[PDB]
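Student: Work out the full structure: start from the sequences and follow the hints.
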Amino acid sequence: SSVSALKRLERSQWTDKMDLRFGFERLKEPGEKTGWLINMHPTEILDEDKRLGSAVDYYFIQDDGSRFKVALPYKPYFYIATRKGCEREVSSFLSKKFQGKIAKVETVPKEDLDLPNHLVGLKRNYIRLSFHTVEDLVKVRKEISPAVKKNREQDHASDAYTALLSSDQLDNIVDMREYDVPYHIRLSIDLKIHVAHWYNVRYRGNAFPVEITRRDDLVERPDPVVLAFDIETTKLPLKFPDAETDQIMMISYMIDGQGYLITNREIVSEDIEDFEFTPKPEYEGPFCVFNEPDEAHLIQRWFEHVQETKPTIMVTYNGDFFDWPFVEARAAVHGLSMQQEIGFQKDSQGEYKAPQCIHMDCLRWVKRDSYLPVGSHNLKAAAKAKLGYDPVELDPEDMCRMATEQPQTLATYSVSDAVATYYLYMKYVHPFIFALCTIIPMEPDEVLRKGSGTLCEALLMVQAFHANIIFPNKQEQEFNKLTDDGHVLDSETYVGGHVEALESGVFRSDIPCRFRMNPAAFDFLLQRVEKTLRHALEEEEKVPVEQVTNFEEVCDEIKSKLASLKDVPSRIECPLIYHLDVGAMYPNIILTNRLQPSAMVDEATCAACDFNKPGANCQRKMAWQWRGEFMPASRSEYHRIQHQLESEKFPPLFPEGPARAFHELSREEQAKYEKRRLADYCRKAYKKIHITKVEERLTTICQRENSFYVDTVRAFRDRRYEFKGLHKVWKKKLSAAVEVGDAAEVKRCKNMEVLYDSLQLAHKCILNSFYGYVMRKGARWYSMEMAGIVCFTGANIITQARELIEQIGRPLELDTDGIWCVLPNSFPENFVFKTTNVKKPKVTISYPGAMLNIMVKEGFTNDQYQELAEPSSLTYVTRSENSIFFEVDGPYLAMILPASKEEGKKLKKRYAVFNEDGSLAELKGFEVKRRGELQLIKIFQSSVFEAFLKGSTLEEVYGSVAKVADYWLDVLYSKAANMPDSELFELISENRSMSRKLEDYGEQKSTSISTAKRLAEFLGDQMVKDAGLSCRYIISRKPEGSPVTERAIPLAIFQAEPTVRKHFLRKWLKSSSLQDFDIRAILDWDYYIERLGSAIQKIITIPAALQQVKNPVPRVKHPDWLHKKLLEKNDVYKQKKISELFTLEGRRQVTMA
Amino acid sequence: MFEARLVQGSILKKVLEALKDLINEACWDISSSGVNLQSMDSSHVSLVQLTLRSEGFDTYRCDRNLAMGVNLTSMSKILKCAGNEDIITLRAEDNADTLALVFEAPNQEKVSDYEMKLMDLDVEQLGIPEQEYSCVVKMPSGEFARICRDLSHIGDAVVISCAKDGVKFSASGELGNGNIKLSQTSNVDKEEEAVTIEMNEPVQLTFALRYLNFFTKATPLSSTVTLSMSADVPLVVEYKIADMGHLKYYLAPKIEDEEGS
Amino acid sequence: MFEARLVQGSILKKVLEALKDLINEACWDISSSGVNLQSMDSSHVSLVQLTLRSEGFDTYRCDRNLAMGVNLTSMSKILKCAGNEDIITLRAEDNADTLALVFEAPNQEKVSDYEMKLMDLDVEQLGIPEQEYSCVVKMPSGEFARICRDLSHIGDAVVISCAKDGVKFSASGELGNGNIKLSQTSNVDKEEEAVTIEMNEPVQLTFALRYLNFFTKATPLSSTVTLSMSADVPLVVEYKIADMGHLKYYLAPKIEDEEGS
Amino acid sequence: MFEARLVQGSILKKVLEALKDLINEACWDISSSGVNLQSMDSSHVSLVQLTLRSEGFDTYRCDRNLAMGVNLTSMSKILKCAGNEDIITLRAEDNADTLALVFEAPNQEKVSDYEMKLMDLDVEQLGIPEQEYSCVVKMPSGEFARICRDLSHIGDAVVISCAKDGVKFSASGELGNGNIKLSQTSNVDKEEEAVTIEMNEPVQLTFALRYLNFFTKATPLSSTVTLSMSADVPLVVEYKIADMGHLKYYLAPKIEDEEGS
DNA sequence: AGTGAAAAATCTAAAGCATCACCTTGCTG
DNA sequence: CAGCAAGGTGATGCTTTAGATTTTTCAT
Ligand code: SF4
Ligand SMILES: [Mg+2]
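Heads up: the protein sequence lines correspond to chains A, D, B and C, in order.
What the first sequence shows, in the deposited numbering, is residues 27 to 193, 213 to 1198, in sequence order.
Following the deposited numbering, the numbering of the second sequence begins with 1 at its first residue and continues without gaps.
Following the deposited numbering, the numbering of the third sequence begins with 1 at its first residue and continues without gaps.
Following the deposited numbering, the numbering of the fourth sequence begins with 1 at its first residue and continues without gaps.
Among these hints, one or two may not hold up.
Listed below are several chain D residues computed to face chain B (Cβ distance under 10 Å; list not exhaustive) [unchecked claim]:
| hint | residue |
| --- | --- |
| 1 | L99 |
| 2 | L101 |
| 3 | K110 |
For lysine-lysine, the following BS3-like pairs were computed, each having C-alpha atoms within a straight-line distance of at most 27 Å [what the hints assert, rightly or not]:
| hint | chain 1 | residue 1 | chain 2 | residue 2 |
| --- | --- | --- | --- | --- |
| 4 | D | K14 | B | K181 |
| 5 | B | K80 | C | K190 |
| 6 | A | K237 | A | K136 |
Honestly, the hints are just simulated from the structure, not real lab data.
C-beta atoms are modelled at their ideal positions from N, C-alpha and C, and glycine is treated no differently.
Tutor: Below you can see the structure in the form of structure tokens.
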């Protein structure tokens, strides 16, 4: 036991001496000091009594450029649940059982979320168990977790048995919670410390603990010392770089815009010098050059450089996967331990953090949360898209060619990736995360690496502790679940947004399209447009009608437009594309509707709330569709067969293990075996075992909770709009300052401007991540009912808007975010208003937006809504709100919809809409580019999209699409006659990633497994044994009759000596009767032809066939269902009924018997 | 209190097999003169009525024109039960809500009894007068199935054209076409193989032959079928089922236009 | 050395055709008494017993008891080669890892030797009590197969009543309850097409139709199948083989508890 | 027009029913010898020969050696009018691309045309080698099929050995190896049961079990299969349609790299 | 250029159903 | 004494489905 304490104190001394050699002077002298917090880590620090005790050392930066650190010790703790009248006994027992391990145990009340009758004043009395140190916390938690688990199981069984009949002392513990919450999270929650704030640290002597306080009036943000290191190894071609044999020749890093590159001499043949690279004036850096004969002196030079610079923030691309393990092993070869010089250490999560430094990964940001496409979340595409320049790139497979002969190219590539990750960090990522952690209570390491679920978790953590709310523990995936019908479950969900594309084709402002039109809806519009504009003025602008002068004039102008449109109830007219995107329905629906997960009760649980008067006002009823897959095994049969399986014993997992009874197996393996036997039991007694059921369910949402979730999203979007207006005024100030041309005030204004942008982007992104948190599991505030209710109410609103645009035009595309429509231009959308307000003289209100606003106001405004007004006397005021705001888009120039190849099934989130000036506007969830995809269809598909806007009618625009389609089919039917072979060979590569040696899949045949066997028989087995390799391959045609997996020939057969390549292809061809060895012939030309054909079927021809237009290209066939619908549509002999064509005898319906 | 006895239950089996896949709900109605099938099909394109008259039942008795609305997509499973020659006793009541079926073995060894549940319906009824038809053709049922069901696969629509030479079936589809020509026979000895045609004027009607593929499966009822048609009027397919009654398919043609050029 | 001849191959085709669809394994017991296959199926709620007595085979002898548990689906897959008239033979050793099956034609020309990989599993002999059954009824196999396929459409369970007069099948469902009553047909000289009952006391037992539809897969095995049932006693389908032994299908009757009544 | 005349149409529909699976689309050659087609399967590894001589037909009318591009899957949906005894009529095609198909019932009172257009199917030409083969096994095809279908569903590959004491069909596959042996028949005079093997030297050939499953799906067309082989040459499977037609299966020999010996 | 696990969607072989052609057999001219 | 129609039987195309498999989607 003393050896572990010795190891921990040695580790603490190592971290302290590391901090002192990086300038973080531990505050021991008394007095005040200003600081700006940058990091947070738990580290055991001995107290005054020379006793073990945990602490967290905050790191502070000062504006003069001098850092320091401050340790603060506190007692780690959680809360446990106790039975009524059982608070003193359990505390006394656990204090006496672990004297010297528990600092303080006591009771403290916190309001819970699930307790019956809870909204009248009573509160739940929890008990804190606080320890001296975090390892004591871990030991006690793992000691108590099985005990409380079995206690929960036994009290659940006893309560169920008693309720069925009627209608280590540790007998009082019920449920222990907030166990997986980290220590520093708990401190940053309790004592209210975040990062990126200014604090007045006070420390008088060593007896008193350090005192810290927020000081937010110093809104200027200092610059931490940042450093952007990326590496490169001695990689031989067609090989994963080795973590032992390979070693660094070239790194670069960016210390606050100052470049330093470090290079070796045994690899680089001639020395390199300083240079400057500037693609944009904002990106620059002078690259200091260090040259050393040996790589040990390379790593020592880097070590002493970061010792003399002391960089608090270090940033890298794929640090936790490739950089740190490689440099750690490579330094351990030369006997320079990484846990003694820099600080970063191998943690239990597979990640790397230093006690004092920050380790950052821009890949995880640009993948998780930048909302860029999954197909291009690497660093080069982020440099092209976000930062807007083309980064310098080089093929890693042939880096040894210019390791000596062109070292300048290698140096340029290394410094270019370094400067790209550095500037991408400081421009977007750094202020974004620090704005995030203004309200997120953790260091940038974790909050960068966690998911959006954990960020929303931290937000609700903060405001739940503020509102004195005990947390729910993470949910338990309780198997053997049975619903009301008494069946076992396989998978159950809510229903998502039914994202469809009700029709497809080409829709442009210039093109005159059809309008089938119901005059009744325009009778309603003629009788309602006055109220429509009245509501638009009084609610959207929040201005009463008395402050406008030309109201009657614009109203009668709309009357004339609507009447002139009405006079012809069927048109061929030029539309405008009009994007009815209310914009993130889900937060708006939670705001309007007040979905709180605390009560959200059902029947027989609603009666607990004591203010449920017969005038039911809190009874918000909503509908959603529960779907579930179940086996038909009812309660009786499943009960019988579970006793049947209980009767005998079970095979032990351990070899030669003892027999175990039914009560001491793990739940997961017994559930797996029970499901396995029940599947082939019911397979021969019911004729069906996988039965889906999608039923309608009504759930009630309590309307008078303490309501932290709706309050957070409301006040949080409120601060979103406040910071958006602040960014607007400060961007006006920035434009004025850059027109004036001063030096320091423009710098301060730009600092505040990027501060406000990072704030508002962080707020917006976490607002549209509040839905991602509640959508899936792995969350404490996880309710299925929010996801179902919000998703189906969003679908309900979006489909009512669909049906109310169907009678006034041809709505276009239906989504779970917002409709796209095309409207007749005879509808008004803009005019010049004359209002009495001098500051705002003009009002521009789009009339269709106004009518959708008024109909959502009539239909889906919460009239049941409640609110607190005064807490002591339970004053609940009844209000009404509706923030579901259909903000609309301008008339877009073009829009193209794709269609599927299956009847009934419709595409999920696939379309394209174009920008008015002539460029592109928006894609979504679409096949422009994707990992593991052939490159031919991407370039074809982008070419078709970009060669599109010329045309005058539907036949003309489909002819212009057919022009580029005919060009591509001409250059692809020519079998690559006069086009470069390298471009095609890169164009038709297909790459599949394989890892986990060879035993992951077991015994199965896929294309990746077939290519693994092909490389196994190629030259050796070691090229298949090592994991994490992406194999590139092409489908051939010559072995006809084999399945698709066998014909996937890799490309290593294309990269050898030609004669032995011929030998390999004769081996893999199973014949030798040929004499030619052409590369173009072996390729499966028709396979790529039919893949491009399937793409153009999805994109062009089938979307054409759902319209009354000619087939666009006759050079491709069609699906048989499409061909028969096309042949059946155009016959006048099609259908004549009998009810309207011949006289019916009358009305008659059958009665009883 | 409805009772219908039938010594030849195979024809009831065959009529209720002949229209299971056509209609969804069975709008039967019993009366003193006989039982009628005033059922409206779901696709709402054609009409079929069965008329079982009192001269064919072994014991037929009714009280009034009671309408029966049992589901018929649940019906050709009870009527797949009895053998080819059992004795069928179909019973109903004026006040009880359970239809009854009783099948008796010919040698009296396997008696079966079936109950039923009842429910209401709501669907229109068509009324067609007795109008005189231009061309009437008499066809053996087996040859009628051989032509109809087997042109149903090459084609989707059929053209029934009657001229002075004879009746023809010009059915086209997605691959080709079939032009069935008929020749007159006069020196015939037996009526189940005799084809005789009543001529008034040349006519031509287009039909969805898919519905005739539904329709022709009543071949083993009566060995002779009569097809009568005029211009712009539902063609009648009439099966005279062995002096039990008759089954009529009124199928609506499709109007002719000058789409040739 | 184990050499077993049998002139007729029909019965030792149909026994394992009936055993094929219900059991996926086997535990062969070759003893001096004959051949046994006492097996459980996947559900472990029913028992199957193939008994082939030694004297039924023309030439059959043993020297020790063997318990060799090859699966049964593979055997009934491989043994379908010959016909129902072919002469069958099994050849094995005292410690054979793979047995052989010879199928000689009636003209002694088409001669086989078919072998398969063998494994072993848990071999257990559960209690087979020949308790005095309350109701034992013998019906022709064709009629019983027809009535089980008949009642499988209406519902998923049949309740069987044994009385002084005879047997009463009944099947309830959404098509309505259908009941089929058979009395003793002792008026014919053919016992193959007759039904015979022996009776102690009336009981009413409901059975699951997927398992009866798997039991009665042995349609051609016997001219008459007898089945015995008693209060809370498993149904014993006693497939009688005129050549040797028998086949036994034991099923525990499903009776619903008071969870809904 | 131009459909070959024959009083029966059983063969004309059943050969296309059997050929419909292996070959999707092919071309038909008419010459003074008769009708012929050489076709390849989907994977282009096996050849199928059908020769039906004009002198083997009733009587012959033609204009020239002509190749017709008619598909074999959708066109084999109109041939179910022509039963086992329906009569065709033949006449020269003058200038139209349409091939008809007239069907005459034995009553000689109802005709039916079937007009099909022509699409161009380009088929390669080659010369099939002919040589003296080591072993030819002539044996009735019904039992050939009922043995092949039951040794082919357990395995995936087959090895045939031609031996004097017996030709051996080793079924190499996952479940196990099983084999059939055929001696010389000496006590059966009737051709419908006897097996003969005209063989000179032993040889082993390897083939696919699925291919031998699909090849022998033309059993009602013929009565006796002959399998002809030599030292590592493609199998030649002969069916004879009376004395008027012959069909040949010519699948390539899939001999591995000295795996057999 | 992380992995890691769930999972909803997708692909493919196995089973259930009604249908089609054939074999067997009894009644009658 | 054989011709012919009725009943039973086995093969088969088709549709449904159950289990493996694949890409997605968020978790560290
Ligand atoms: S619906 Fe009303 S009464 Fe029911 S729990 Fe919610 S607030 Fe209380
Ligand atoms: Mg990197």
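Student: Give a verdict on every hint.
Tutor: Taking the hints in turn, this is what the structure says about them:
Given the 10 Å rule on beta carbons, the hint for D/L99 holds: about 8 Å separates it from the nearest Cβ of chain B. Hint status for D/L101: holds, given a least beta-carbon distance of 8 Å to chain B, under 10 Å. Taking 10 Å as the C-beta contact cut-off toward chain B, the hint placing D/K110 at the interface holds, the least distance being around 6 Å. At roughly 25 Å between alpha-carbon atoms, D/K14 and B/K181 fall within 27 Å of each other, so this suggested pair holds.
With a CA separation close to 26 Å, the supplied pair B/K80 and C/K190 stays within the 27 Å bound. Taken as a hint, the A/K237 and A/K136 pair is honoured in the structure, with Cα atoms around 18 Å apart against an allowance of 27 Å.
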